[PDB]
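To begin, one chain is listed below as structure tokens, in the form solved without this ligand.
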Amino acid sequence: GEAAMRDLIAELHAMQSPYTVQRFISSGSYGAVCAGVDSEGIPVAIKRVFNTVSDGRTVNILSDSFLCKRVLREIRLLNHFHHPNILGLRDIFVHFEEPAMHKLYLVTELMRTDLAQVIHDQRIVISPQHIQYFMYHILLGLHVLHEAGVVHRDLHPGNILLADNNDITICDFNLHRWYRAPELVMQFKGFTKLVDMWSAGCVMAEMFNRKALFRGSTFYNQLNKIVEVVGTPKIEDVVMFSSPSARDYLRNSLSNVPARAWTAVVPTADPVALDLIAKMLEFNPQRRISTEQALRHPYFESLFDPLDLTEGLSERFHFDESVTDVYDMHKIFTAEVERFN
């Protein structure tokens, strides 16, 4: 904690960095985060990647093949997008030192809050105008990721960030059970970008309700909570998007439940808003509304501009996973820091 801040201050000083480390934010295996300020007063989160105690002994991240590759992929993904709705790299710098003393520094803008905090603050009014605006930006961030072949896979209010200016940014796309699409709950290996559309629909209903929509605690009771709202899916559709183990879990599951009226599930949502939520929360991803069709839905009529579908997009993300050599990866970090500057 107090050592992480002291280590970072000294290292950034030796570097003549434009930063001032103000306070300690968080610490875990693989890196420590400190809240600092850039040379212009803008608050930043400074992540320092150095060591870990993996398998019992102290390992240098950038020196071990697997861990180095994991961090290189997180970095390459952050550096791939340049879009207002996707959290980007503010800065990146690498300190290579021969006897496994390699350090990596990651700088991102420190956001004011996240959507989970906003939803749960009873003193905050989340109006239908605020919901439409937030949802428009959430879906544009997903559209941008999906256009580059990237699936978030763990979208939830905690990773939907709000700037002081209330700008929406999605993070943690480069790495609760309550936001998982039926195909992820059923451990289907063939999941697609449509899992994100399910999470987004859960987030949308939650902003109206001020409470998560499907608050299950087990594989069966989570699926039951979903089916109670969406109605019993055809068994043929369940077998198509479940793992063999999940099919066997659901083997003797008797289900003959009608869909509920959506007005009862999300009482404060108007009919146009409900129509979109019901389309995002299709149990079967083959019938689930795509990001483009959700963005074109009359719910966003007052905000929508077709230019939002194509501006600031990135090309398809490619990561060559055949890479294994740490020295080959170190060159990619140097190349990633080069293309950055």
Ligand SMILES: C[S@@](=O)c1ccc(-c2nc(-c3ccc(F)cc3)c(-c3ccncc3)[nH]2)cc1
Given for the second form:
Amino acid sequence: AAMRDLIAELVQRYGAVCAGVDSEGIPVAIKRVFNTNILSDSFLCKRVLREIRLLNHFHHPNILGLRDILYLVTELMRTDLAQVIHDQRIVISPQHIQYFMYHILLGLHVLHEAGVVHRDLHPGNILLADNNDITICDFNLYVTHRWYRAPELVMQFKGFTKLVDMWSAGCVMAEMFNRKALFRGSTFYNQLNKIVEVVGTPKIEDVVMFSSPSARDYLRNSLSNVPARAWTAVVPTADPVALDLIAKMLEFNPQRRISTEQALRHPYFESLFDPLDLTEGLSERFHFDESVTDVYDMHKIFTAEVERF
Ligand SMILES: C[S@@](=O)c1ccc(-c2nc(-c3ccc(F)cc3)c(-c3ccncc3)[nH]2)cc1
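Same protein, different form: I have the form solved without this ligand, so give me the form deposited with this ligand bound.
All chains and molecules follow, beginning with the one already shown.
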């Protein structure tokens, strides 16, 4: 039961997502979040406020935006990338991978420029519109999502940067060619071994630089000698230009990982790239006061951000 609650409000087909039509003939997506109260509990209210403030901060075609601002309204997205990859009947041509990647990276670029790190990018939160174009959601902070975590996150590193999103993006690129996720691990050790088997044994001096003391304790006697595999065997459907980018996105050490601008500028996107995409529709630095926490103090900023009925 969910549709009956909106009969007294305004339409039917983390929270509960359901489809429907708007006041006018527009296909929308309505998310309902109330209990697990959430909007009353100052901790979880701050998390919901963070999502609303983030969605309202951006106004870019590759980032999900609110259509009506607990009930939440956005445009209805046909399907997600996970469903397109995990449905072998639908074929993803290299031309489709190039287009998808260009839009995925543009969305990440928009977040990174505003100082936002997704931290959990996977095909499940890369949504596809009715017009086939890519949109990113769930940038506000199942088992398979741990297959897209950068080595520094697997190693519980506190000083992770926007570069974790590159590794995630690099994982979804190889997944579009292989039609099977790249690093399908079940443990801390086997997830790291699968990564190292493909990328090559990183220097000990580099791992200590991007691991928590406990991750170093787990890996203390865990010394590997594994050589770097040929990328042609790892991702066989990819051409040398696509493999060059994948390898650059999938750098163990984030200090060598290709930046959002550099990947967008790579020859792989030559036929699609326009330098204006790096600057158009960009939001300014996103600021959120995490220090402030109270009952009625949050409900006043809630009505301040919303202007449309
Ligand atoms: C991380 S994975 O479990 C995951 C998380 C959130 C979502 C997810 N969150 C939303 C969604 C809906 C309304 C909002 F106001 C905000 C987010 C959607 C959505 C939006 C429009 N059409 C279809 C679905 N998908 C999907 C997958």
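Numbering follows the first chain given and starts at 1. Rigid core: the largest C-alpha set superposing within 1.5 Å between the two forms.
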(request) Quick one: lay the two forms over each other on the core and tell me which of 286, 310, 302, 39 moves its CA by at least 2 angstroms between the two forms. (result) 39
(request) Provide the displacement, in Å, of the CA of residue 325 between the two forms, taking the core as the superposition reference. (result) 2.0
(message) If the core is used for the superposition, what shift in Å does the C-alpha of residue 70 show between the two forms?
(response) 1.3
